[PDB]
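Chain by chain, the residues run as shown.
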Amino acid sequence: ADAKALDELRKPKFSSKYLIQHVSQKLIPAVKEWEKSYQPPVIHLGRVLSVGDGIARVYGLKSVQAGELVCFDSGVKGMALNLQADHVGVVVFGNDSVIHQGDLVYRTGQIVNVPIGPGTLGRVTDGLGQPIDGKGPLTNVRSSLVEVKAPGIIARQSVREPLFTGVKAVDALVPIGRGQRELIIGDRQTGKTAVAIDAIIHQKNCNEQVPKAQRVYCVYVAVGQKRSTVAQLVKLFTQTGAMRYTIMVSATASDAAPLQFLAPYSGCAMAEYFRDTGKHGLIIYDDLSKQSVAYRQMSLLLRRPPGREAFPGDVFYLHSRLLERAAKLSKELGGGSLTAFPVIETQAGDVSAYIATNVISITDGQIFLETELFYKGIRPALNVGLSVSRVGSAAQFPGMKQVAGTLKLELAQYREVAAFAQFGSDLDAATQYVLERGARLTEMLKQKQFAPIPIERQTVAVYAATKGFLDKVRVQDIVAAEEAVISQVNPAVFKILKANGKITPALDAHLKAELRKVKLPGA
Amino acid sequence: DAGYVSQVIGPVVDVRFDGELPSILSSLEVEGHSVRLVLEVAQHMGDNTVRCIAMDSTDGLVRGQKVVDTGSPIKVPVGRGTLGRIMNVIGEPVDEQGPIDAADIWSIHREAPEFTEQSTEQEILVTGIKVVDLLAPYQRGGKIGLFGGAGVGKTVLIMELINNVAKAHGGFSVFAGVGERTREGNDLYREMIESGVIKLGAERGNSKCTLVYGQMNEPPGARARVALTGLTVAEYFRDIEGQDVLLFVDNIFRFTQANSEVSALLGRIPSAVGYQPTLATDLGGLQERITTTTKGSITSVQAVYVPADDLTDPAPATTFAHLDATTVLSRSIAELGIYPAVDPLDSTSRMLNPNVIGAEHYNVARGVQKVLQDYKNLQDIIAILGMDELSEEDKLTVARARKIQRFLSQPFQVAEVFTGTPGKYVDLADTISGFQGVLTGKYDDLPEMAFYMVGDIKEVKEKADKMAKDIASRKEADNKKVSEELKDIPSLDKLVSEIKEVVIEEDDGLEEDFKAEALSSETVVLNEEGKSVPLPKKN
Ligand SMILES: Nc1ncnc2c1ncn2[C@@H]1O[C@H](COP(=O)(O)OP(=O)(O)OP(=O)(O)O)[C@@H](O)[C@H]1O
Ligand SMILES: Nc1ncnc2c1ncn2[C@@H]1O[C@H](COP(=O)(O)OP(=O)(O)O)[C@@H](O)[C@H]1O
Ligand SMILES: [Mg+2]
Ligand SMILES: [Mg+2]
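Those protein sequence lines, which keep their order, are chains F and G.
Here the first sequence is numbered in full-length UniProt numbering, starting from 40 and rising by one per residue.
Here the second sequence is numbered in full-length UniProt numbering, starting from 36 and rising by one per residue.
FYI, nobody ran anything at the bench for these hints, they're computed from the structure.
Please note that the accuracy of each hint is not assured.
[What the hints assert, rightly or not] Using 30 Å as the maximum straight-line C-alpha spacing, the simulated DSBU-like pairs for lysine-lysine come out as follows:
1) G/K504 / F/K551
2) G/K496 / F/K506
3) F/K534 / G/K529
4) F/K174 / G/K550
5) G/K550 / F/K188
6) F/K551 / F/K440
7) G/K522 / F/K558
8) F/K447 / G/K498
9) F/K440 / G/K459
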């Protein structure tokens, strides 16, 4: 059975010819008698062997590349994922009910690509770039690969520009940066998308204010969501005007599993146009926990062996190569940036889940949203003891950095005494004074939905709480007390605070003067 | 002569050879690829087919693409020419400054040093960190593990170990960035231009650190081999140069994780929690090469990420046996604001021995761990009672241990860019005597949080001077303060007038450089001849 005597059998050893001389003139009239059932032989095209569950096994396709767009004869696109010795495993970009056994598969020649450019700015596309908003095809646009590698060490620079989100629980405690990847992680219905929508809405308020190059172009990637939630979100972005700077990639729950797998890469390539041209991008991978489930479906049906929670082994590389494309480029590459907000949903607060611990180790910061802080009135439900940021200083407002340093510090003294509030001894006026002030700082960070705050109005509202001017206010009406602090304080103190960037001591006098001129209705 | 691509499933390529298969661990080059694709032979499949792992992405690979054999494993440049350079997994310069001018390129695959060429001497590597140098002192020539989850401070701790030790070392260092963020690989590169550890241009040879980077965007073949690439540079400075080396490996966990991402595609059924069946011998094959021989020395500091703060996970639990020192960073210490967040009990070193560091350093180290374990057993009854009836013998062991938890914290030189206070270097004799006074009871005179974020014992003693000045402030509230306007304060309307005019061009900068090409509404495919045609109108 060894291959030495088996390849020796290539040499002729027949020693008789009473079949070779007989059937050679008998074979061609026998093949021609059944040639109605012969499909024509295939070499560089493809032919479907088996199709099912969104996976086509394709015979032929000799010269296809790995990860290459193929096209079936019914018009539906595919992607050659695992090139095996006798067939090609193709994931189907759509419904596999139009594919039969014996359909011709056509190689398109190109690796998978999406339209990128200024023409995508304002459109709702699917997970491959085709517009689903019903506004015609994409004009003023060009094609770019979805699998661009991340910029390396020599291409990047340090994250120094802020990119405020408009949520003062974020912008004071967990400051985002301009090329920073920050995770928004929490349970179901804890306000994950809210924190990300308030970031996109706040960029529209800032893009009509900054000189043409600090403008931030948002991309919302809606993976696995239902289609009516996405339409409920374009309606919010159009009535706000945020849809002028926003692209929306939406591979919904009815789409195929390779469309939801590819939509974070499709949306990142559209957001990489602004990073690679000197502009600034902001991408939200909403339900990145749903991309890994879509990628798990393809690999289990490509018969790749499962791992932790039946996920593929390379599911860390699924999210690490996606998020590392969010960078801040150097001056020789334009100076542009791209900051990512991936969203991971946990199950019953289990942070120790498999996909959850991967993206925590990939991203810079975390925004933890707990469902028990959500029902205590704290909205956004930010867990301050768990939400960290890698940049810390030099990526927030310099005026906020003076007044939020004594907020992150003084909220730690509030949590260290909350495990000592069942006895009620409250000795030596220390554990009771910080329990009165720390309760007045968590009510400061509470804010509404779809109404982000400018950073000059955030660094004045928390100026008024870490310092005096709110010491004799009840903890039930601080949320209405800032409407005195924002409106009744003379609004030219915000213009000089926005233009300076820090709280100058000439302005520290007027911020202490005009905060005594206001009458707070707390009584 | 050469081989051809038989099968591409993810990052794992099957290459078939018509006679003369390459060896296992040998390097293969793929001919005709867009970039330089390097395959390392993982196994022999059996029907004249080898199975490989790719060092770059396998997108674009064609079945039948020509693959040549280099006849050797992955060889990288080593020597003085790699100092002050950033290297790839395969030895390419990714710092965009010429080629790497290094002689005698070395294979990244060798076996461990033998049992006879092992050193047994134990000299203390003084760090400057008073939780490291007191409770789990490091060993020069030994192996240090910085355990801890995500966000507890492994990279900041390994950055303070660089500017304390690797700057005042004299010998060469090697940073091996294995599967980490490219942002912090750029932050390490840029602040070693400023500190002078890496010099560029004609003074390149005066550099003291070789960078080898295999970060998170790389495929799992490159992440699984870049820890051998940086170790090969450290093994050249140990063996041939005879020097003392500092090998900093950020997240050796990513070496074990990258071998797990290819393990099921190499045809291995999985072991426990989800790692490869070869988890203890792939990690043990790497860690035993990082030793101090009789030729030279390697002092290795390795960050070890524990998944979800679980020290019982088998990838950090396998690393514990390979380490002389162990710095377990805890999230519970970090959430109290204590930095570096070193667990004072869970951290262990081979140097914590009275025959090595002396019975005076040893007894104050065990005395701190005694009072800190007693505080951990008293916090059960404090939350039920209140700590007011403990008759001042257990209230003294609470008040002394709470001073010790603050005094184990320290400002770092690399952490002043996000904290504000400058870092402190504490000497070895200055922290043994500082922790003796809190233990024997010299410094109950000082308040409890005066020990927080200081250096020497003469800094807490002067922080209690500042803390009792500033609480003797805030006594006057009438006048002669900044809030009166007639001193130097302009009017709020005049202050607005010094705002410089910023302009807005209202066009968002999009019509100036873009090549808006035409995208076909039709789909365009290739026929049997390879020629571009429209899709045939037949379903
Ligand atoms: N700051 C806030 N103030 C008030 N309500 C809020 C706030 N943030 C979120 N909510 C509300 O909480 C609910 C959940 O918010 P959101 O949709 O962002 O959660 P989610 O985690 O994305 O949920 P799902 O898992 O259903 O997608 C909604 O009713 C939303 O309006
Ligand atoms: N020594 C330190 N001093 C002060 N803050 C620190 C220190 N180490 C870490 N931190 C804080 O905690 C975070 C975790 O640090 P990092 O080294 O990035 O952790 P890891 O590598 O374990 O994720 C930092 O971004 C910073 O906010
Ligand atoms: Mg949502
Ligand atoms: Mg790290």
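For the pair supplied as a hint, F/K447 and G/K498, is the alpha-carbon distance within the 30 Å limit?
Given that 30 Å is the threshold and the Cα spacing comes to 22 Å, the pair holds.
Between F/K534 and G/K529, is the straight-line Cα distance small enough, at 30 Å or below?
Between F/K534 and G/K529 the Cα gap is close to 12 Å, so the pair holds against 30 Å.
Proposed proximity, G/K459 with F/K440 (alpha carbon, max 30 Å):
23 Å, holds
Given the proposed pairing of F/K551 with F/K440, does the C-alpha separation stay at or below 30 Å?
Distance of about 18 Å is within 30 Å: holds.
Is the Cα-Cα distance between G/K496 and F/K506 30 Å or less?
28 Å, holds
Please work out if G/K550 and F/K188 have their alpha carbons no farther apart than 30 Å.
22 Å, holds
Between the alpha carbons of G/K522 and F/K558, is the straight-line distance 30 Å or under?
27 Å, holds
Verify the proposed pairing of G/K504 with F/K551, using a straight-line Cα cut of 30 Å.
Measuring from Cα to Cα gives roughly 24 Å; hence the hint holds.
Below or equal to 30 Å on CA atoms is what counts here, so check F/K174 against G/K550.
This hinted pair holds, its Cα atoms lying about 22 Å apart.
Figure legend: structure checked against the earlier numbered hints; every hint is met.
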